[PDB]
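Asker: Single-letter residue listing:
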Amino acid sequence: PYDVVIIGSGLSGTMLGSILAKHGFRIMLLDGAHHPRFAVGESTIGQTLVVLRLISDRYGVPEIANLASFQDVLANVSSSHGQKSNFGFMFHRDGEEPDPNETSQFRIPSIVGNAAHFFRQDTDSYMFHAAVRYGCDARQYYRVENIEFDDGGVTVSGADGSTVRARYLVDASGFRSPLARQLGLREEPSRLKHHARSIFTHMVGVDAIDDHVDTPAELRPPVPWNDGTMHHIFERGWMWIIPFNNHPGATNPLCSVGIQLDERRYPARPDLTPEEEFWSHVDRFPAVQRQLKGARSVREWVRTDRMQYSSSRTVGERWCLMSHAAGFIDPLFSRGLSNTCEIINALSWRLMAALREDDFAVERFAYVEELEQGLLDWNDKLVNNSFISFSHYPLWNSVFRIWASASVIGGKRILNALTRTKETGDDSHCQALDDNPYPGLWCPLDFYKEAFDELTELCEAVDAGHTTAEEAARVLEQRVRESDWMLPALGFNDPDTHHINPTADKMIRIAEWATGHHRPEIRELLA
Amino acid sequence: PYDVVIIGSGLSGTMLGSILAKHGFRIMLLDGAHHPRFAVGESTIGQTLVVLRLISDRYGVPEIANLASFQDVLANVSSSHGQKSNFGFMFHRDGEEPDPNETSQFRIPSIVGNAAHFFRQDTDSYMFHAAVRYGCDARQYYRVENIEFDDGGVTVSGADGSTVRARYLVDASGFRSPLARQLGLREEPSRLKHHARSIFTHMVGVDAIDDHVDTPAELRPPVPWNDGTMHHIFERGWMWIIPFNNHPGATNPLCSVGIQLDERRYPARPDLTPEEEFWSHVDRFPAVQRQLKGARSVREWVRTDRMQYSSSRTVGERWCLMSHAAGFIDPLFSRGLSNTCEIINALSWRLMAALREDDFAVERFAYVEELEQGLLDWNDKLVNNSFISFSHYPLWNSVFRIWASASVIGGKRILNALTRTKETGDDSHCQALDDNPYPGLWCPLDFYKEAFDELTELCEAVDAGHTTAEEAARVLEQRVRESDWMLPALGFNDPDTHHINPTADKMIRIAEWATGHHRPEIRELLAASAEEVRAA
Ligand SMILES: [Cl-]
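Respectively, the protein sequence lines represent chains A and B.
Numbering follows the entry's author numbering, in which position 169 of the first sequence is assigned residue number 183; successive positions increment by one, without gaps.
Numbering follows the entry's author numbering, in which position 244 of the second sequence is assigned residue number 258; successive positions increment by one, without gaps.
Calculated directly from the structure, the hints in this document are not laboratory data.
Check each hint, because a few of them may be wrong.
Stated by the list, open to error - Below are the DSSO-like pairs computed for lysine-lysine, each with C-alpha atoms no more than 27 Å apart in a straight line: (1) B:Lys-36 / B:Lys-207; (2) A:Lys-307 / B:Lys-36; (3) B:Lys-307 / A:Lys-36; (4) B:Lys-463 / B:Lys-520.
Claimed, not checked - Part of the chain A face toward chain B, derived, beta carbon under 10 Å: (5) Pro-50; (6) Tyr-140; (7) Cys-150; (8) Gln-154; (9) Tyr-155; (10) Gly-219; (11) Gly-263; (12) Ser-311; (13) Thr-435.
Just so you know, even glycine gets a beta-carbon here, dropped at the ideal spot from N, CA and C.
Produce the entire structure from the sequences given, and follow the hints as far as they go.
Answerer: As C-alpha cells, this is what we get:
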C-alpha cells in the first residue's frame, strides 16, 4: 500500500513526488505517456523563479532549485534551453507594418533571477529521473480506467488489469484528468471570462524579429526582442516566439511558436489544416510573415478548441485535484507554472502532516482549495483584461505597467520572507506569506488590489460595450499619473516609457525612494 | 510527387533525407512514432566515427560530422551524451567474483577519433531537425497501411486515408518494416547463426564497476572501465553498462543497461516480469549485483523474443530496404550504426544518379544489396564467434585481438582515403574503398580474411561439438604468435596482454615497424615517419 498515488509525470507530479519521496513516504507515479515527451509552458517569470527557490530550500530538494536559474538549467538539466532577458510586446494590424510607438518591453531585473525558455521534454525528464532516484515507483503508458475511494484509502484500476492501492491520490495531470472526469469535478459551463483556442508547434529556422523590423534607432528596445519571449499582439489574440537558440553556442536550434485566438471572434476553419490556419494569420502581418519566412515545423501541429476550464471542488477526503488538473487560463504571462509552484508549496507540508497523523479531514486542506480557486480567478482577470486591451494600445499600456510593476514588489515580498528563513534557519517567515488577505493575487497589497480592481471594472465595461477603450485608457492613465507606488525610478508611473529597463543604478534609487515612503508596505518590501 | 519517400525518422532515414534534400531532391519522411523518442544503438566505434566524416565531407552535410566526435556531439547536438574511451570486457561465473586475469580492454586510439555514448533521443531529434531544415517534408504518427509500385513510381497509403506519391521508396525503419511485410522480403527461417533475445532499460544511480571490484593494482586497466562501454560476459550472454554521466559535470545522470541471452540456453520466463528476469541474472554475479545495488529503472522495460532477422533481397525497381529494415545481429561491438553509415555512403550517390537519369534498373543498386547482405553475414560470424567463445576466456582472448586489431588497420585505411580526398579535393580516393574483394568485412585484406575465416571454422566447430574450446584456443593462440601483422607495439600478437592501450609513443613505433614491412598493405596503410605522426 503506497502513501500517495500521483496521476501525471509532468513537473507538477514529479516535483511533488520528489518532495514526498525525499521525506521517506512511499509514492507511485502513473502517466498515460512516456518520457521523453513534448510539453508546453516554456517561458518562466520571476515569481516561478523565487517560489522554485522557496520550495527547494523549504522541502530540501536541490533539483527543484536548478529550474530557478538559466545558468543552473544549462549546468544540471540540459544545454537545450533558451534565455529570457525580457517580455516583448509588438502590436500589429492587418496589412500594416508595426507602429514602433505601439510596443512594450519589461526587462526582468536580476533581483528575481535569470529567467529561461524551458525545453520541457528535458526539464520534465530531469525531474522524473530525480523523483525515481528519491524512491518513487512509476508506471508509464498507464491508462486509469477507475478510481475508487473508501475509509482505508483509494484503489486505482488500470486498462492492463493491474490495480494500485494508496492512502491518498493527487491528480497532477491536465485537461483529461481522470479524477476530474470520474468524480464530475469540472464546472460546465466554466465560470471563467477569458476565451481563447490555440494552434502551436516547434519550428527550425525562425529569425529574430529584431532583424525584420524598420525601427528608428531611438525606439529600438534596450535589449533585443529575440533575447526574450516576443508577443505579437492583434485584435483579440497574440502569437508567441520562444527561441531555444537565443544565446551564443546554443545547442537547440528549435523555436516554440503558437497563436492564441478568441474563438468567439475567430471561428473554427475545419476546411483548413492546422498549419494552413496558422499561416493564414501570419499572412495578416508583414513583419511576422518576414520573421517566419524560412521557418519549418518539426512537429505534428496541435489545434485546440476553447482551452479554458475550471472545477467546483479541488480537494476531498484522501484526494487533491492539483493546478493543471483543476483549471487553465492561457499561456500569456506563463502563469501556469507559477500557480503549480504556489499549490505544491501549500499542499506538500499539509499532506505530509495528514499522512503522519493518519487524519485526512478535508478541513486541513480548505486553504489549498481557496488558493487553487483564487489563483485561477486572478489569472482569469489578468488575461481577460489583456485580450480586451489588445483592441487599443493606450488601454494595454495601463494593463502592462499594472501587471509588470507587481513582478518587482511581489517578487521581493517572497525573497524577503526566504532570506529571513535562510539567515535565521526558521520556517516561520516563509509560512507568513500564506497569512495574506487575497489568495492567488501575485502582489497581495491593498493599494495594488484596489488598482487592479479598477482596471478589471473598466476592461469588463469596455467588453460589455458600457464604455469605449479610449475612455477606459483616459481614466487608467490618470490613475497611473496620480499613483505614488508604481516604482517611479523604473518608469512604471510614466505611460510615455514603453521599455521598462531595470539597471543596477535604478534599483539603488528604488531602495532610496522606498526608504522614506509613506506606505508601510513600500518601506517593509523595497527599502 | 516526391522524388523519394523515406519510411523511418531515425539516423538511417534522416541522414539520407538530409543528403538528398541538400542536393535539391523533393523528400518525404514517414514514421509511426514522434521525436523525441528513445532508441538503442548508443555506443560508437572507430569505423562509425571515420565513415560519418566521409559521408559529411563527400555529400556536403556538416551535421553528420558533428556525430563523429564526443566534443562535437556536446557542442552541436546536446550535453546529454557520455564518453567512450574504451571497450571493457569482464568474465563472470555464477556465485563467483570476477577473475581479474579473465578481463579484456581495448582503449580507442586518438587517430580514429573520440567515441561517444549517444543518448539517441537527442541524436535522432538533431538529425531529424537537420533533414526538415534541408527541405525534407515529414509526417510523424504516420502508420503505413499499403505500398504499391507501378512503372511511373510508388504510392504509400496511410491508415488516416492519405496517400504519398514518389518516384522511389527507401524503407529505413526496423523489424516491423512495411516494405519487407508487403513484398515478403524477410527470410523465414532466418539464415543467421547468432541467437540472442534481450531485456533492456535506462536506469538512474548506476555505480562504476571500478568502485565494486577489489582488483589487484597491477591488473587494474590503464583507463577506467566506467569511461567506456563495459561488457559483463557470462555463459552464452552478456550485459552492457553504457553511462551518459561518465565525465566531469555531465548533465545526463542515466545509464543504459541491458542483457543479451542465447534463447536456446535461456528459455523464456513468462512467469517473471521483464524487471524480475533481468534482476534474476544480475543476482548470479556478485560484482554486477554490487554495481547495480542502488540502480532504479526510469523506463518501461523491453523484453524481446529473438532479435536476429535477415532478408532474401534488399533492392528492387524503385525501392531499397536499408540497414535495420534488411536485418539485425546484436548490440555487441555496435556494428548496427557502422552498417547504416556504410549503406548511406554506397546508396546516396547511386540513388541521386538514378533519379537524375530517371532510370531505376536494379543492376544500378547490385553493389548496395551485395554490401547489405555482406555487412550482415560478417556481422553474424563476429557475434556468433564471440557468443561461443564466452564459455572459455582463452578462446575469447583470440576473438578479441583478431576483432580489435582490424579496428585500427581498417580504421586507418578509411582515414587515409579521407585525408587524401580532402588534400586533393578529389572524391576518387574515397570511392576507391569500394574496390575490395570482401564487401562488409570491416578490414578487407587477404591475410585478415584467412585469419577470421579460421577463427569462424574453429568457433563453429566448438559450437557443433566436433572440437573442445581448449583445443580451439590452443590452435588460435599458435596462429597469433606465428603472425607478423598483429600490431606488435600495441600487443595484439601477445595473448598475455589483455589491456591494449594505444598511446602516442606506441603508434609512432607502429608507423616505424610498418615502414619496410614485407606485406604491401601494412606499408600502404600504417607506414610513415615520426615527423608525419607529430601532426596527429
Ligand atoms: Cl492531459
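Asker: Holds or violated: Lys-307 (chain B) with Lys-36 (chain A), Cα cutoff 27 Å?
Answerer: Answer holds: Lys-307 (chain B) to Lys-36 (chain A) is near 19 Å, not above 27 Å.
Asker: Going by Cβ atoms only, is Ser-311 (chain A) closer than 10 Å to chain B?
Answerer: Result: holds, 8 Å to nearest chain B Cβ.
Asker: With a cut-off of 27 Å on the C-alpha distance, tell me whether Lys-307 (chain A) and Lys-36 (chain B) pass.
Answerer: Roughly 19 Å between the alpha carbons, so the hint for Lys-307 (chain A) and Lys-36 (chain B) holds.
Asker: Can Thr-435 (chain A) be said to touch chain B, with a Cβ gap under 10 Å?
Answerer: Because about 29 Å separates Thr-435 (chain A) from the closest Cβ in chain B, which is outside the 10 Å limit, the hint is violated.
Asker: Does the CB of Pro-50 (chain A) sit less than 10 Å away from some CB of chain B?
Answerer: holds, 4 Å
Asker: Holds or violated: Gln-154 (chain A) as interface residue toward chain B, Cβ cutoff 10 Å?
Answerer: Since the shortest Cβ distance to chain B is 5 Å, the answer is holds.
Asker: Between the alpha carbons of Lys-463 (chain B) and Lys-520 (chain B), is the straight-line distance 27 Å or under?
Answerer: holds, 25 Å
Asker: Are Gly-219 (chain A) and chain B close enough, Cβ to Cβ, to be under 10 Å, as the hint says?
Answerer: It holds, given that the least Cβ distance between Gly-219 (chain A) and chain B is near 6 Å, below 10 Å.
Asker: Hint validation: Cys-150 (chain A) versus chain B, beta carbon distance must be below 10 Å. Holds or violated?
Answerer: holds, 9 Å
Asker: What's the verdict on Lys-36 (chain B) and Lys-207 (chain B), does the C-alpha distance respect the 27 Å limit or exceed it?
Answerer: Not OK: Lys-36 (chain B) and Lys-207 (chain B) at ~40 Å, beyond 27 Å, violated.
Asker: Grab the minimum C-beta distance from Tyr-155 (chain A) to chain B and call the hint holds if it beats 10 Å, violated otherwise.
Answerer: OK, holds: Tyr-155 (chain A) within 10 Å of chain B, min 6 Å.
Asker: Does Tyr-140 (chain A) meet its interface restraint, that is, does its C-beta lie within less than 10 Å of any C-beta in chain B?
Answerer: OK, holds: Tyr-140 (chain A) within 10 Å of chain B, min 8 Å.
In summary, the structure is inconsistent with hints 1 and 13 from the numbered list given earlier, while agreeing with the others.
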